[PDB]
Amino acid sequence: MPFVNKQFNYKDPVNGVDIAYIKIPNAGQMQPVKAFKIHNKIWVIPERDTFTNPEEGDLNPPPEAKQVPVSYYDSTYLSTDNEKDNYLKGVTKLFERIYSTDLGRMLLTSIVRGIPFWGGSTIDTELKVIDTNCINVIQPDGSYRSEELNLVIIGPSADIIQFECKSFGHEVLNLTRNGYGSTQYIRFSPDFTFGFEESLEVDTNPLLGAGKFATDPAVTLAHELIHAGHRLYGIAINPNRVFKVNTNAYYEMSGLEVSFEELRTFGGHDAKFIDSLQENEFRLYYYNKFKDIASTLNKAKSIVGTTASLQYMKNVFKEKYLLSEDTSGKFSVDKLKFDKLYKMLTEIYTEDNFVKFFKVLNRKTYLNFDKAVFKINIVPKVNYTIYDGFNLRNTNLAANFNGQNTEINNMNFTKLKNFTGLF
């Protein structure tokens, strides 16, 4: 029943299957890192991410006069075995919390089914996997074996609080925007969280509040998983598409813009900043990309490798994209089924909806200002549970989000930095 069937310990001996040393296709060299496969198609690497981007391998903080407003550095974080063990347990716990809700189960199911499309071959008659959608696993005999995967959760790079969902690009194909999809790497940490203010006028003001309430890390991870969903089905909105924030005088005076991809991901009223015309443009655009995939599958007659048959993969993608098949064995995209899937991934899976499911207090909009970053420890059950997060039932933290109240539940939060006023 649990999303993660085994309670991994960082020091568990490697087995070359679900506990192994691996290398990622960063187009560069790297020493293998210990990784854990927590569920079909999903791996966790308890390391700071100095791998996905070669230009971001230094964790040391730049000079104090060169650091930005909202940022937090600690070159030593996640460097010890005890930390990696806690990281692993914290991340698995958040996956369980997410999976325990119907929405999370739906999202995670969609993610597992969202296998990156096999469009790496130059011959339109043959289907071939794109190697950057795989990782290289060291087997018991010391040799490497290629394994396809959909998601990797890895520690943050230099700036500990800069969580994000990234993936390896293609020389010509825009994998996260052409319906293909690609393996997603989420920079994330369950050992820190952010503060926000309960009053909207305060939360959206850069000069007020210290961050009285703490964001539930499960929402934060879910937010990243939502991006992953968009990217795995190749329907992420181009980051150049932004909303000129004109509903907040403080954003305006700085010309701050926010991508539609972020507004969509948050959901709620934020999503309404993307007008009907533009929303239609995107929907039709991705509908066509799905059509191209359906045709590519029709033009397929061969397949590379023996890890599966042409017929097996054609079906695996028929399932992912929910395609239809006529008597002649041809695939096509059904408008109803497409709109349903597209809407599921973009409107049903949103931060705002996860808040409703977790029954937690959370920022009301993405268009606010950061307040502070806290150090936390969600692994101990006396601190945080799969079922209630910080608001432990049958305790003084059960009601009114008392568990997220950093003033009431002060023993669970250590403020590391305040961001208010620095903007």
Contents of the next structure:
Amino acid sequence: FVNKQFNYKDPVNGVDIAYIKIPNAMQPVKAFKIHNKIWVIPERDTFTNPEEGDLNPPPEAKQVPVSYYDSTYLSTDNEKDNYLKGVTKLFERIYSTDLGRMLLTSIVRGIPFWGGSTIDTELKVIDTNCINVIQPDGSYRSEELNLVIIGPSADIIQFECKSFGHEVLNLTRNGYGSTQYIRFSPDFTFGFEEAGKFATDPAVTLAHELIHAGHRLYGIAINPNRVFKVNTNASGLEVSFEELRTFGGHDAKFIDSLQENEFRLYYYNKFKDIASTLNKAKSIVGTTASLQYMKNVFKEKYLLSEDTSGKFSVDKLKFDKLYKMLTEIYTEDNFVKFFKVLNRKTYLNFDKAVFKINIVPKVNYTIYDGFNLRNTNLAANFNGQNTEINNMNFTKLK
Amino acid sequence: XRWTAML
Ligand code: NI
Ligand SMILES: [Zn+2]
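Pass me the form solved in complex with the partner chain as well; I've looked at the form solved without the partner chain already.
First the chain shown before, then all remaining chains and molecules of the complex.
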């Protein structure tokens, strides 16, 4: 999946290795283009939210296994090299499964809608769905992208999708989508039971964020104000439908069917508004792509049907298929099945431990087996994920 | 995001 075996120290070339700036709306940071539309920035995220530049534990911080702070993590070239190789490895592990091959393909196709214009006959890119790539002469060129993998902010283990918003549009819920920045680290993982003896395979963790990214890129994320009040056992706790859907499996039990019907109809109409916008367009801003090219890009993204006179429309069956793919097929639970790893069987459990790991060495973790290395003592019984048995690979954090 | 993050 990933074009090249990048080393962090590889010389910049202004194409797939480059110093870049992120919308807001900072010094340039070294970034690597690991695939069409997908970049990796091996830096702590002090950028997507300028205020969050302090990496020290704040007053009243939580503790492991809820949060973990270390202002020094991912500061050196060696750890940045390891981060890049770690993330690369997880993409290949994900891509090596039919399911992950499909998700990644959906992500690459998921170009954020060009809804930047104020004139409704003009297609224009939204600037916050781009990065600025520095050139040899110190100038910058704007490049559109779908996905960025970036190191975590202050709380090292707070992985999540974030994206830049629009003054008025809800890009992640209006079918338009937006460039997704996934705060993530391959250098840590979490323990669960069944004490936290067993370690989550970091590939499932990344896939979980990629699923969120899929929703957000297709502008179909469920408003976080839609929640389920948790009543599985034991007062107060809520979980968003967006998270329940992302996990899938057992947790589909808690999604209000009547509500899901509302969402499905809502987004169908949103895709319809997109078709209409493409149909009204008479001009396009930019020197690179043609109006007809971009139209085609979004035809493919939303699986629109195109008639004799170039007019677009949404196909009910094709929408149903895509929407189902994005929301029902692409789930953490389904990934567990494809990876054949031990994992939580519900989203609704709290981690019991956090571990430092290193999946870069072939002897530790592989594309095909993760920690459960075939032809080793770690092959059977998820021994590889067993933090006591696979002692060399996990260091529990304080 | 994982559930534990809500804490
Ligand atoms: Ni149940
Ligand atoms: Zn999540």
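Numbering follows the first chain given and starts at 1. Rigid core: the largest C-alpha set superposing within 1.5 Å between the two forms.
For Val68, a C-alpha deviation of 2 angstroms or more is recorded between these two forms after rigid-core alignment. Once the core of the two forms is superposed, the Cα of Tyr312 has moved 0.7 Å between these two forms. Per-residue C-alpha deviation between these two forms, core superposed: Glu55, 2.1 Å.
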